[PDB]
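The form deposited without the named molecule is given below as one chain in structure tokens.
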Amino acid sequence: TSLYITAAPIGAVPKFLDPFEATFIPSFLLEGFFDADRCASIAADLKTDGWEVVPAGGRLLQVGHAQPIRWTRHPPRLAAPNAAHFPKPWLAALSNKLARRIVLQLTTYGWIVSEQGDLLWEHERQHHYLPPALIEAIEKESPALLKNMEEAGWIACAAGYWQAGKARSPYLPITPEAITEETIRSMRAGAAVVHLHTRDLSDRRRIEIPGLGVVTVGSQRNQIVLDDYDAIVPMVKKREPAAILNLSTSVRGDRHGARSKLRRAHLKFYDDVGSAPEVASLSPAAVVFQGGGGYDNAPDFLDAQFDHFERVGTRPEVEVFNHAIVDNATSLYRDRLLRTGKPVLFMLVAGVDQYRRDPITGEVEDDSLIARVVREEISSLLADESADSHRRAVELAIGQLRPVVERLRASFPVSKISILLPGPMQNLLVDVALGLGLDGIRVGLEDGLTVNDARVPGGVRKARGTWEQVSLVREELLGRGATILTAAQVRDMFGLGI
């Protein structure tokens, strides 16, 4: 059965990282150049922005970065511009796990893999830091590598604060302009539908630290930003009118927003475009992440959502986070879902651990589509990094999902079902989707920040963008003999935007 790709370029969780910014702040600058409370307040802000305290033992490579106050008289100029790189044999000296650790960190900082599998940094400035734990691992596995790095200008550091960029990407789009650009690139790479979030950047600010420059903090909080969509919707459709926009109505990060009209205020007729958004998310039960941060979807709220979607001509995409949603969608909300138009759309949020809470006792229990114990087994299998364990993992995933797909298709014979998986589980994505006879596959920085790349040791790096993940999933699908639908084909067969 033919497939359409959904691109999900922004999401709620990951953050943008500027690879030009300092990634390490030594404690001596913070404690020496500010008084006790100002030093303490900055530090708290760094922790809020994901910086972590590290002891001495790290390495810092810096070029053209610091302004004057191994410094001289001025920061060290031990590294000549454009000279820094990690030749493939440097990384091939390491175990798979350690090589991957390094590549993942440097590609978070904007380094790229060449066609020769070298790691390159293609700019004339940087302030890139590796923590003591990593340097220790390298010194144990390959003392010679560390000496090569030091000779290239990787310099020992004291204690301080490290911006690892965990769950960050230098390619995450968080502005209307960046989101429009990525939306268009993902479509050109082959995505038929683009699933969007916006972010509130109103709290961003620059902290200036002498002997280092400026570090930028801010929540980048997931928020439905009406002015951003007022920009994005026409900006996209002036260039690509075929765009099938699927707007998040989620209030992840903000549970108090879950009853508000705001959750449908971006689902309006956009005059500049002559249309409402094609698709928007709808979850017919509370979404309670085992990891925290969920949001309710109350029956009265849902009634209002359905009325609104029907009125403006937006097709719900049912976000199947949990078994509660399957139960509810196939029973009480069945006829309401048919009213909003056929085919009814579903997205299996597979691989993400979920609770269901008992209203009476307040106790929670597992409600995941892939039961947590099974999900945990799958993760363990994927960690074996073997064909034999991968095959077992696919069986387990398929085994858990098959009854869910059968129930959805039994209740909704005219339906389209897609799947997503979190980044570290995505090697299963194609096998699982094809194995289940699904109509679609979703990828993007919302779900995972990485891609496989056999050219580089360790085999894994940060994606260059959602468009790249789209490109790679499209290529794998085509190679398996699959048919990929275009936006224009998806619009027609789904009867969307009408």
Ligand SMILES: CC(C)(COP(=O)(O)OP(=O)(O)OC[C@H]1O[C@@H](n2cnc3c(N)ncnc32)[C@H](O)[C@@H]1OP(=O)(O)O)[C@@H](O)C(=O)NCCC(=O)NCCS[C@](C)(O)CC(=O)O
Given for the second form:
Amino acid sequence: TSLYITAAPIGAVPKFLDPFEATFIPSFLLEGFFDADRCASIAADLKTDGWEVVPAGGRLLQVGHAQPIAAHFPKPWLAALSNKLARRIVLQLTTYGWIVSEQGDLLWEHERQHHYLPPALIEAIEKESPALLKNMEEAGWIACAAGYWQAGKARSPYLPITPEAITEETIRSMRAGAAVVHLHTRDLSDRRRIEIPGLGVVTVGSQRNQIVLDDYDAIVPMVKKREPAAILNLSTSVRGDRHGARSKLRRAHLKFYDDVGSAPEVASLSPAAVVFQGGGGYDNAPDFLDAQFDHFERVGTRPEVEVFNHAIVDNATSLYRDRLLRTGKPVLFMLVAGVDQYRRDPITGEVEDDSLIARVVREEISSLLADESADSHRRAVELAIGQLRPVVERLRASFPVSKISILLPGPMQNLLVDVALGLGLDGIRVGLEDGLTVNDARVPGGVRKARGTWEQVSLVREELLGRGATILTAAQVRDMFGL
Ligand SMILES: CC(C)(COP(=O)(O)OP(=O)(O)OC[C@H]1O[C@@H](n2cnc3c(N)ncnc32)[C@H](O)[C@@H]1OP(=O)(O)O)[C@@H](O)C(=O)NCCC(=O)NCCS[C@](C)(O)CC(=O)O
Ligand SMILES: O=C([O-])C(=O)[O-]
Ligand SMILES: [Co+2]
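I would like to compare: after the form deposited without the named molecule, may I see the structure of the form solved in complex with the named molecule?
Everything in the complex follows now, all chains and molecules, and the chain you saw is the first one.
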């Protein structure tokens, strides 16, 4: 039993959160120091960036954020709470860059901070433990009036979005055990600093998923200089930018890199429209795909078939089969399990479920994971394997020389190892692209923000080794895939 781990550090969806910026803007400073039109302008800019309106009742911990006009949260405090509340608090504070100590306490290890918790969280605390709320207030958590909150929804203070940060995370993820690194770039050109009197500076920006050629011209040679073994897997997705679905840009990063003596080893390829139930998908038309295949074959790049849906299973195993065989064996597949998908009827325009794990069953799996019992967990595993099994069998039957991996969205990654071994898969993918958390038994609630994709790689490797599995390295993977 040999598996290879894929690291996916960036992706399309999550965003970077600067743990040192303000996370609360009181309405009084905003309305107080701007004309109604520029006040409405900033407020609109903040909402776009994910800031949300909150009433009075929040608590703010501010230290050293002086704009004139305890960094501890101990385990016994979290232990006073239900597991759900403790988890909300731990996730919120680790999103803000607090860490879990070896004793299971939360700790902020810097001298300045501006960290806010919403009225709904505080009300929940007041109801479970008035003594805790008093303890927080004694530690310097102060009552707030209405204003604006940066939740950090799908955010992480460890998300790499620049060539330097991405190179570094790629290197750490490889040294932690990953053989393949799947990459995205982000467009950071719309970043503005908004200055608010009494508060300081808040930076806004979309961090939009986008193929950025200059970023790759930097990242690709930078990675290969330090870790020439790296098997780079470049995203060709235009999620977010659905107008670019036919564009040459979706293969322009897949070139021979002079500094490196090679084209990227791997690139994603989805042989059908990808229509997220959550919204924001992108087309992959037959004429576009023909051009992608011609190009991969020319520059020596192996497609990774992204199995988002049944349309793709069907297309890959019939029409595109010979093209996939031509681009090199083994043929590579990634099961995008747990992400709900539509298929659209082109004649009527109606959509129907086309997910690998049927939405109803995925919904059932998600509720089982929230019972958080071993019994429920077994059930969840059963259900996932049951949905995915025929897909895996179909792929195996059509491509006897193939490697299949699996990913799962954050709150489902507890299933990864069991499902992958249960299905006989060849590899597992983890990373901030898919999930932002790790389990940590030391802390109440047992869940916190991952310190990076490297950490998730390290945990999955560890769990795999204790199942007796063997982990392949990048050199082994490269040799055994002929890439
Ligand atoms: C967006 C992202 C990556 C966020 O991940 P996250 O870990 O935050 O999970 P999420 O479900 O969004 O969390 C929502 C709320 O639940 C809480 N929470 C998270 N984990 C929890 C846990 N273990 N226990 C209890 N609670 C947990 C969070 O705190 C959060 O709280 P709120 O409800 O108050 O906000 C994730 O959501 C996502 O979208 N994953 C899917 C990624 C994906 O689509 N990957 C496919 C890529 S395909 C490919 C290969 O890249 C193709 C190509 O590139 O061309
Ligand atoms: O990576 C993804 O989920 C995408 O952009 O298709
Ligand atoms: Co991706």
